[PDB]
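J.: The chain contents come next:
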Amino acid sequence: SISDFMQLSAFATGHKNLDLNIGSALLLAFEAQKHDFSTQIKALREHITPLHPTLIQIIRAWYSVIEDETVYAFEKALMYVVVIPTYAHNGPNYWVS
Amino acid sequence: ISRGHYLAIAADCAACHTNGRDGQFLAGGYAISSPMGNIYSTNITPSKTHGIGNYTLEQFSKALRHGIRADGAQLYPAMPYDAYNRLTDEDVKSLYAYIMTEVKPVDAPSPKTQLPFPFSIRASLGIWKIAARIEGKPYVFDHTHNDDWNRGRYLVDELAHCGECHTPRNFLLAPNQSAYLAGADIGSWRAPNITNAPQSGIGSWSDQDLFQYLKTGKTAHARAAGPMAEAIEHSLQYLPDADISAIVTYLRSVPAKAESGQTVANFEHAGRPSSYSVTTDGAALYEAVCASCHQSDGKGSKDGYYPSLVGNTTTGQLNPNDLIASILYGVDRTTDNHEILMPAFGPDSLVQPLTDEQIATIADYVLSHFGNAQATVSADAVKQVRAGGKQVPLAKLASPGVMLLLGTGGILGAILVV
Amino acid sequence: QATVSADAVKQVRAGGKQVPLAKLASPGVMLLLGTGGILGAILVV
Amino acid sequence: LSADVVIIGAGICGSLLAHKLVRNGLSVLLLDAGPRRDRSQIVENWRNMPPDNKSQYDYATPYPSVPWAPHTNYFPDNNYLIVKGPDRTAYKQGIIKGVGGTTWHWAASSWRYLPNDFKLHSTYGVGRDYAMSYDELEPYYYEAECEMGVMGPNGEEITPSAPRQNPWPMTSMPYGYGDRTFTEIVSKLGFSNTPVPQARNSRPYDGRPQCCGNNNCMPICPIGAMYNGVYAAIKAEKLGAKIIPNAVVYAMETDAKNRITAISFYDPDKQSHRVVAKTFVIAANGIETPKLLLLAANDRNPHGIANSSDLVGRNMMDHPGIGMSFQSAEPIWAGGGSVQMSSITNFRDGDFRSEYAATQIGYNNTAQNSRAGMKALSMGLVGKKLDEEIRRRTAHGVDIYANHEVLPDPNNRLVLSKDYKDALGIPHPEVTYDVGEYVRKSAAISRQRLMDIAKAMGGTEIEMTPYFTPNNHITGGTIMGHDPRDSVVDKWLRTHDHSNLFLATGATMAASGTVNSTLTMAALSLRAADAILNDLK
Ligand SMILES: Cc1cc2nc3c(=O)[nH]c(=O)nc-3n(C[C@H](O)[C@H](O)[C@H](O)COP(=O)(O)OP(=O)(O)OC[C@H]3O[C@@H](n4cnc5c(N)ncnc54)[C@H](O)[C@@H]3O)c2cc1C
Ligand code: HEC
Ligand code: HEC
Ligand code: HEC
Ligand code: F3S
Numbered sequence: 050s051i052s053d054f055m056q057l058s059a060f061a062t063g064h065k066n067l068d069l070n071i072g073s074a075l076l077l078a079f080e081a082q083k084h085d086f087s088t089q090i091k092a093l094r095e096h097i098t116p117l118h119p120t121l122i123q124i125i126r127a128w129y130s132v133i134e135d136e137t141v142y143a144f145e146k147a148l149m150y156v157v158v159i160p161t162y163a164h165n166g167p168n169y170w171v172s
Numbered sequence: 040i041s042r043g044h045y046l047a048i049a050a051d052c053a054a055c056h057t058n059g060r061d062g063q064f065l066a067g068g069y070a071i072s073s074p075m076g077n078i079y080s081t082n083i084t085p086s087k088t089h090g091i092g093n094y095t096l097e098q099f100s101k102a103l104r105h106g107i108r109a110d111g112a113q114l115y116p117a118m119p120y121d122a123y124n125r126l127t128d129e130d131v132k133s134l135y136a137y138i139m140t141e142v143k144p145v146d147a148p149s150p151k152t153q154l155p156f157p158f159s160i161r162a163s164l165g166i167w168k169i170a171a172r173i174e175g176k177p178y179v180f181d182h183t184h185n186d187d188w189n190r191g192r193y194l195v196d197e198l199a200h201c202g203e204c205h206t207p208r209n210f211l212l213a214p215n216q217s218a219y220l221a222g223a224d225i226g227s228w229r230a231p232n233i234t235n236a237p238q239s240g241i242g243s244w245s246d247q248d249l250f251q252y253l254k255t256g257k258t259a260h261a262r263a264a265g266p267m268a269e270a271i272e273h274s275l276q277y278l279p280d281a282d283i284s285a286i287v288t289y290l291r292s293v294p295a296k297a298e299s300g301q302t303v304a305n306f307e308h309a310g311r312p313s314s315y316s317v332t333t334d335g336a337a338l339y340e341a342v343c344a345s346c347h348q349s350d351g352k353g354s355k356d357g358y359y360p361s362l363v364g365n366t367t368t369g370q371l372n373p374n375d376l377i378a379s380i381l382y383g384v385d386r387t388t389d390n391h392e393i394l395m396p397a398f399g400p401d402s403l404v405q406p407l408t409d410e411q412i413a414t415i416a417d418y419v420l421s422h423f424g425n426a427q428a429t430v431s432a433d434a435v436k437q438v439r440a441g442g443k444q445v446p447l448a449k450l451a452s453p454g455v456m457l458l459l460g461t462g463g464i465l466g467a468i469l470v471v
Numbered sequence: 427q428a429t430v431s432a433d434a435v436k437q438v439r440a441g442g443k444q445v446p447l448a449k450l451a452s453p454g455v456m457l458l459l460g461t462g463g464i465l466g467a468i469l470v471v
Numbered sequence: 006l007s008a009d010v011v012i013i014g015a016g017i018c019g020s021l022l023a024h025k026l027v028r029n030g031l032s033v034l035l036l037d038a039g040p041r042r043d044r045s046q047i048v049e050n051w052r053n054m055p056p057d058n059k060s061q062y063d064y065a066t067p068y069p070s071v072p073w074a075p076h077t078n079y080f081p082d083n084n085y086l087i088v089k090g091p092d093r094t095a096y097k098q099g100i101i102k103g104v105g106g107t108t109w110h111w112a113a114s115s116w117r118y119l120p121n122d123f124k125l126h127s128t129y130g131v132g133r134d135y136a137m138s139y140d141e142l143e144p145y146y147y148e149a150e151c152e153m154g155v156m157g158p159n160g161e162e163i164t165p166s167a168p169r170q171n172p173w174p175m176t177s178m179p180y181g182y183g184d185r186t187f188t189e190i191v192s193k194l195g196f197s198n199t200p201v202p203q204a205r206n207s208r209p210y211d212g213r214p215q216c217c218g219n220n221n222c223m224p225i226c227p228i229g230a231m232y233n234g235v236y237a238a239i240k241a242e243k244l245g246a247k248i249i250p251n252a253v254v255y256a257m258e259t260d261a262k263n264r265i266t267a268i269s270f271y272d273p274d275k276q277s278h279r280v281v282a283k284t285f286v287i288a289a290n291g292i293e294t295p296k297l298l299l300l301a302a303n304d305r306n307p308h309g310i311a312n313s314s315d316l317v318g319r320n321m322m323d324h325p326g327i328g329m330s331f332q333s334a335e336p337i338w339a340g341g342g343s344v345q346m347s348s349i350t351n352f353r354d355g356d357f358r359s360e361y362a363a364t365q366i367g368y369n370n371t372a373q374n375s376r377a378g379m380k381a382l383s384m385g386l387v388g389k390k391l392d393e394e395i396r397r398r399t400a401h402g403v404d405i406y407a408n409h410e411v412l413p414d415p416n417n418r419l420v421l422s423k424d425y426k427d428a429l430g431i432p433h434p435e436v437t438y439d440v441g442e443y444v445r446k447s448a449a450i451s452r453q454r455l456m457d458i459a460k461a462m463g464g465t466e467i468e469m470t471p472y473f474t475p476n477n478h479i480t481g482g483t484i485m486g487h488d489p490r491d492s493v494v495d496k497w498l499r500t501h502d503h504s505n506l507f508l509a510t511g512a513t514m515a516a517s518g519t520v521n522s523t524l525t526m527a528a529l530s531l532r533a534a535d536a537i538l539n540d541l542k
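Protein chains in written order, with the UniProt record's numbering: chain A, 50 to 98, 116 to 130, 132 to 137, 141 to 150, 156 to 172; chain B, 40 to 317, 332 to 471; chain C, 427 to 471; chain D, 6 to 542.
Just chain A, with the same shape it has in the complex:
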């Protein structure tokens, strides 16, 4: 019951590539935070083919750890790691990635 957690949201709506099994350690922890976790996560796959316009309950499995829909979002101008002239006149401005 992991391929229904990695595949849950999208490529674009989240990391296009994998979590790199950092969700296979999330899923274990969501078992303890929610016993019914592995139950609803299947039920949110067919419904995109109520269920969170007010039921924000599954955002917590999409917020998180930071996972700000992330090793981060915008790494081409900032640090957490990069080379000593990190300064290069700020590079780009809003050319996303």
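If you're looking for bench data, these hints aren't it; they were derived computationally from the structure. Even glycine gets a Cβ: it sits at the ideal position worked out from N, Cα and C. Mixed in with the good hints there might be a few duds.
Unchecked claim - Derived, one-sided and incomplete: chain B residues facing chain C with beta-carbon distance under 7 angstroms:
#, residue
1, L459
2, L465
3, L469
Based on these hints, arrange chains B, C and D with the ligands on the given structure of chain A.
T.: Relative to the frame of chain A, chains B, C and D with the ligands by itself:
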């Protein structure tokens, strides 16, 4: 500049004659380590009471090419006189101008070579020298190879003495000419094989990669550390570009001399993609010290200041003897007064002092995930390096038990006469 | 006045300090006596 | 347990004294409350610290708190420090016990004081001036600067600043983007933004690498480019001294001549250990030196050690800080560089010091991606709209402080309290802090200036703090002075009655000044180096 200067630059004749950077160059005091002990190098400035101001052309040449001090004793073979022997008699007097005219006399005593058991008696070296066949008919410019190649055999062998650190030694601590430029461990470090062997040398290195390594010491697949950091920043970088092209040419011509069990040239050994799980863990205990400058995938920085651990000639060697010195002492070059440095991680380290066990794990992780997976580090392959490498089979003689036993056994032959 | 060091015990577990004759029973201590012994033969010549 | 000299506190000050002493011959012991903490372990702690503690700066969580003699905390509090007074929030300042001292975490801004600040009372008629003058301290500034490997803006003439008779060992690393943009716009406004001298390596130094903008420079720097007290402690310990972790000191023994001759110190489990040495040194903290002196009230000493004027634990000082936070108009891209690069030094001196306090505007260069990402998450966004919000709020984030110079007012104090105990039963110290109308008027002016900077950037969502914030460096607590009856220590760092007690700590200063100031702490600790040697030679 001056021709006499150029030879000392090429001959590296100041890497040994000034203790540390801060010393007064050509003054002596750099105690080069050795199995026998810590020989202390001697003043060479033309000082009339301390240096070699009293030396003449024939007294100089005997020292340089035959290792005989002025008053008669034998100079210790810490000299590359076995590499300086074949030097032309013209260049030997060219050095002579530079030392007598160019450099500035300095008035200081130079600490003397305090050696243990009989290695402390100098005169026996003439017995040693004849065993090492070091008299070699000074260099005559060959003709079947163009002057670009001739200089290469003249810089690699005589002037810069690449061998005196690279080519291994025999039981009697003498040059071992069967494996010529094939790589013996040098105290702590280990000079890698630099023959033309494709998967086991530098014959696979790109030509413009090999020139770029020697000139500066920085390249994508190899960064010079240790005794090359002391050789590149002291001699090679100052050589005019035409000279290195000779060394580059000759290095391509040396016959290959292979290694025990290699499968890919040291700089192609790509690494498994893995990471750790966000002490006592090669995957964590690396990410908590090494992953800040490099990255978690070992690929390094994005422009090169932090070398990629993947496909690195210090990782991808079957002998991890270098990669344990690089962790233990860090790397410290200075080319064009831009020093690139890596903190030491040894016992007396100052950024983070790792333990003799811990370095192995990180050394063992890097090898498994980036280096030759066949090549591995035991927890005590590191204590050897911190001590100075495995004892060559001659230093065993310098412990009083090993001689006392040779004493009575030696005397017991006297009674056998009767 | 009498005291025990932490390694006065490892000697006892080993069997006490080696008497000065058992040192002879290790191949290095004889090989050295070998060549030194032979080196007296050449001294005859 | 004995040696020629005992020093307690393996921080910047104690470690510099240790290294100097051992370099000059006399053996040494170091005793510090914390354990031997290694930089890599601290980095691993910080990486896994939850991004709420990174969003708003926590500087103590990655350093795990020992339970016996802990260090302070302010994300949900452990209540080690209790602070009282109208501006109690201002003194909620954190320290980190352990070998290396609190200097394990510090933006390493190492300033020189002005020459006025040593003659403050003799110049403006407020506060109390130091015992010596800057001319009598300059050599120790330069020795400390060489030993810590301090950077500097060598090739420049700036602003009110100490006269330099000797160039900084290195030269300033070039500004990132945030600092260039800030200095340009604030030059447009009318203020001067000049680089902060720092203890980073802008070129490799001392055998540790060059700063590469890890930008983790306050909590912990993973590679060692900046300076920590642990370097001096390591150099001294390898040079021949001895160091003992967890050795909490709680009582000191004396004669009727009041010369220190013994101390009893707990190990973690209340077992007493006794130490005898020719000369004793207390270098704990601006907070933990007065607490220890109050705790060891003796049969000879009813109310406190060296308390002949009733001033130990009194006159507590620290720079009160106003914060700010908004979004610039054009991007700032804060984060490239170190955590503390520039500063508005334009105000550090003038004719107003007799009327109100001299400020030092600056700003904070720590990266915004953490906080900005969390803010955009908690705005309940989703998808590419969320990602765009994260990028905007991290390329526009801004953070500005405005410290102040606080006067020493004796109504402030460090009554060691009763309501709280620990695993040793030693009091949790409690501080009474009041700021004074001096800094009240100064802080009104600072609020105006901060709002003006916010407008100059076109700031939106400007959220100033209303309450003064701490700045983590403790000044005052054992004031120096010539007259023994109105000041504890003398112009040579030797407690008046305890002719054998040397107090090398930030409590010794008589003025809070305007600048991050452990360099003077470290360049008065090296003052006590010669006082000890000459008296024991
Ligand atoms: C966020 C931050 C910002 C900073 N900014 C600056 C800046 O701008 N400029 C600057 O110059 N510096 C700055 N600093 C550094 C600070 O000024 C110094 O680190 C400080 O002055 C030195 O303190 P320490 O770590 O040496 O204390 P320590 O050396 O750790 O003190 C330990 C001592 O306390 C004693 N002790 C502990 N508990 C007890 C007890 N219960 N009873 C008795 N004794 C006890 C121990 O015995 C030991 O002697 C900053 C630090 C931080 C955290
Ligand atoms: C390190 C590998 C060295 C290099 C490179 C050079 N020299 Fe040297 N030299 C070295 C040692 C360790 C010693 C003394 C050892 C011994 O057996 O006594 C010497 C000694 C000399 C001497 C003898 C005169 C004197 O030492 O007072 C001379 C004339 C000398 N060295 C010259 C010399 C020159 C000219 C070099 C550059 C071509 C040179 N040395 C390089 C160590 C090393
Ligand atoms: C930055 C402070 C570093 C940290 C921490 C570590 N390494 Fe490093 N390393 C760094 C530099 C800048 C360099 C090369 C300098 C140059 O001029 O290129 C290196 C080099 C190495 C090497 C060998 C490279 C070579 O010899 O060609 C190795 C094997 C290596 N580093 C490994 C390593 C390990 C195991 C570390 C943690 C114990 C580690 N590095 C940390 C910079 C930094
Ligand atoms: C002893 C002082 C040496 C001298 C003289 C020369 N070399 Fe060397 N070499 C030496 C060391 C200690 C090392 C690296 C050690 C480590 O573990 O990293 C090297 C390495 C090289 C290499 C790279 C080989 C590889 O990494 O696979 C090259 C190409 C090389 N050295 C060339 C070279 C030349 C041409 C020399 C004569 C001018 C020379 N070295 C001298 C040790 C020493
Ligand atoms: S972590 Fe250290 S590397 Fe520099 S930018 Fe920060 S002081």
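J.: With chain C as the partner, please determine if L469 of chain B meets the hint condition of a C-beta pair closer than 7 angstroms.
T.: This hint holds: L469 of chain B lies near chain C, its Cβ roughly 6 angstroms from the closest one there, short of 7 angstroms.
J.: Under the criterion of a CB-CB separation shorter than 7 angstroms, is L459 of chain B in contact with chain C as hinted?
T.: holds, 4 angstroms
J.: Holds or violated: is the Cβ of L465 of chain B closer than 7 angstroms to a Cβ in chain C?
T.: Since chain C brings a Cβ to about 5 angstroms from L465 of chain B, closer than 7 angstroms, the hint holds.
Checked against the numbered hints above, the structure violates none of them.
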